[PDB]
Structure formats: structure tokens, C-alpha cells
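Spelled out from the first residue to the last, the chains are:
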Amino acid sequence: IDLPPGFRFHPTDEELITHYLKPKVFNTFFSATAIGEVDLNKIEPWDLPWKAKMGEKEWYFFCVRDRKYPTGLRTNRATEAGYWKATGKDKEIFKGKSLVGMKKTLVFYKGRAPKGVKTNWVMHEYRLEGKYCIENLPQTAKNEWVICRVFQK
Amino acid sequence: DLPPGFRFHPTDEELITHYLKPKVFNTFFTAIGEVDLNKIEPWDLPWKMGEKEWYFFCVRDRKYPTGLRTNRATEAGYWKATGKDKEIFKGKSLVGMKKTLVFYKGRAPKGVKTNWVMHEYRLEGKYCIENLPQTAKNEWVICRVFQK
DNA sequence: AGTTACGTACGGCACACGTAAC
DNA sequence: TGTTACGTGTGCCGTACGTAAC
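Residue numbers (the authors' numbering), protein chains in the order written: chain A, 18 to 170; chain B, 19 to 47, 50 to 67, 70 to 170.
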């Protein structure tokens, strides 16, 4: 609907995990008007705002984390242009006294190599953890499905 | 109703241009909410735009008739400005200034501080010209009050 | 070898609070 | 004497970026 000026989608970390990522992990057909679905392994952050929904300053997008190596137990963070690089320690998301999620901060580098070129594109990847750790998940795509907030400094 | 996460989170400029400016230009104009902020305790302020942060209007009145210094004293305590103000620019044109004040309970020379923090946004960019010479002698501002 | 991730700095931002002004 | 603002200090956040590890 038309939002009065200033009314925007700025959810708290727990609102993202509880009302957005958690339902999608269970139902792959969960749909949200505020947040679309892209594969950051293919799409590039410069072209990202074109393929965005209800977003001007920040863009929210669901994504499927792909394992880099067959036995790597790591995540493919490589794109055609460059590579998303994890920076700093993760941030715990708690619902009441129960840990329900985790936030990782990633900065894009155009190098696609150890000679990465730092960019101003920063992505806040939110992932299901704690009360919803893959160990106690009913064979749903938990580790795979992750919400991502992309913005430019 | 609003889907979860959708809230009133306006930019610095959005506050001055879409809310403060019309109220200054056209007195009393929008569901934004107004409060006297005169002798009102901040914990009793919600008694709401948002339970996270409360946004309310305010009428700054001069403490001293000749002082021109604005009154920030309540029965419960005083609001103490911290650091320096922040510029609000709609392009290359300065439109507003944001002052951060931290509530200090006690109302004494050395009152005990509290976690109440208020971001006061004012129309300082066009204040000097007094485009509209309101004889009401009322300075209208908008404040983001939260206890975080 | 290439790619990712860890983890401790480091710079900016949001105040904390002494010391000056009205 | 009281009350308010000013202005650096600073502690904490948001990354930067080797160095290690997968």
C-alpha cells in the first residue's frame, strides 16, 4: 500500500529471523513484498538495485548459500565480477533468552583474487542458528536459505 | 495494518522537510503526534508512534527572558546536550540541524545521568530568515526520544 | 595452487562529563 | 546561585585487512 512519508521497512534483527527467514526455511514458497530472491553468486551489487523490490536506501533479498567445495564445509562467496569477504565477528540474535539467529557482515572486493579491490558495498547476511541450528532442523533448507541486506557506504 | 518490520524510520531530511517544515509554515498543519514536553517525565511520555522509539513535537521556550537560552529543565531532571550538532542537507542546501541531548535525573548542578537519549531536529537552515514571521513566538521542533 | 574465514586492529560516530557562559 | 551549553575524551561500533586455514 502507499506508505505515509518516512514509514519504511527497517526491521529489528529478531523480526527478520522470526517473521521472514524462519517461515521461508520451512516453506520454500514463502513470499514477502518487501524482500525478493536473487543468487548473489550470479547477480552483481552494481546491478542489484535494478532487480530489487520496495527499496531505495537499503535492499533486502533472500539467497541460497552454496557450499564452495564438496567437502569444504564452507560457502561459495564468489561472483562473476568479484568476491564477498567476511569481516569481523558475527552478532548473536536473541528472542527472549533463546538464541534464534546470527548476523555476518560482508564487504565486496572486485578483485575476484587475493588482490581484491575494496568496494563500499556492504551486505548483512542473517542466518538461522541457535534454537534453529541445522542439528535440530527437520531436513529443511536452513543452512542454505539466508536473508541478506545490501547497502553502499 | 503494516507487515512486520514496516515502521516509522524517517531519514534526517525526511523529518525536517515532510513533518517539521509544514508545521512551521502552516501552523498546526498528520498522525505524527504532539506533546507539551513541559514538565513531563520521559518514562511517562509514552503514556505511541512506536514502542521502539517515540517521535513527538515540542515548543522550545526561553528559560531567561534576556538569556535566549532554551529551557531544558523538568521536575524530574534536565536534558544535557552532548557533543556537537549534525547538519541535514536536502542536496547542497542546509535545511536542518540535529542536537543530541541525554536526560540527567536529579535537576541539580551534578544530576545522575540516565539512559534516556533524545535527538532534537530543528529547522535551523531557514530559521534566520524567518520566511514566515509567526507572531506566536513558538519554536517548533521534532524529537526522537528513546531509552537505549 | 585458489578461495574462504578468523580475529585483532583502527577510524568514525554517539555520547560522557568537565569546564565555561548566560 | 542556578541553569544551560560547549568541546574535548572516549569508549564502542563498523569495518580493514593480514594470516591462517580449508
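Bear in mind the hints are in silico, worked out from the structure with no lab data behind them.
Any given hint might turn out to be false.
Claimed, not checked - From the structure, some residues in chain B lie toward chain A, with a derived Cβ separation under 8 angstroms:
#	residue
1	22
2	26
3	36
A virtual CB, placed ideally from N, CA and C, is assigned to each residue, including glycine.
To see whether the hints hold, each was checked on the structure:
no. : hint : result
1   : 22   : holds, 4 angstroms
2   : 26   : holds, 5 angstroms
3   : 36   : holds, 4 angstroms
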